[PDB]
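Protein chains: 2
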Amino acid sequence: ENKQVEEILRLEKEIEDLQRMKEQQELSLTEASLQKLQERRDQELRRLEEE
Amino acid sequence: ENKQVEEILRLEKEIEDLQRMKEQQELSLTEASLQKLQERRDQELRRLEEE
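These protein sequences, in sequence, are chains A and B. As numbered in this note's numbering, residues 1 to 51 make up the first sequence, in order. As numbered in this note's numbering, residues 1 to 51 make up the second sequence, in order.
No wet-lab data here; the hints were simulated from the structure. Careful: at least some of the hints might be erroneous.
It does not matter which identical chain is used: a pair holds within one copy or between any two.
[Stated by the list, open to error] Taking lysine-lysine pairs in the DSS-like style, the calculated list, with each CA pair at most 25 Å apart, reads:
id: 1; residue 1: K22; residue 2: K36
id: 2; residue 1: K3; residue 2: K13
id: 3; residue 1: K13; residue 2: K36
id: 4; residue 1: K3; residue 2: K36
For reference, chain A alone in the conformation it holds in the complex:
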């Protein structure tokens, strides 16, 4: 009810902090790289939940 939710707050920092390193990495090599990166992500429509 709360003790379990309180633990989640700590997880948010991990996932949030991990994103900071990922966003900085892509913005470090080439901001434009996000363009080609967008297509790669959109190509994941025929994946997930499929055996």
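Guided by the hints, dock chain B onto chain A, whose structure is given.
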């Protein structure tokens, strides 16, 4: 400049996955928990001066 975007994508997955797993875990407990989560976070974001 693809190996950099590729590795970055993998990093994005682990991060995005962390948020998906956390959101599911939190929602699993009770969507209402969001109230306490917000209150707790908001309580921590308070400017102090004297009283």
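Structure-based check of each hint:
no. : hint      : in the structure
1   : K22 x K36 : within (16 Å within a copy, 28 Å between copies)
2   : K3 x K13  : within (15 Å within a copy, 27 Å between copies)
3   : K13 x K36 : between (28 Å within a copy, 16 Å between copies)
4   : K3 x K36  : between (42 Å within a copy, 11 Å between copies)
Going down the numbered hints, you'll see the structure goes against none, and every one checks out.
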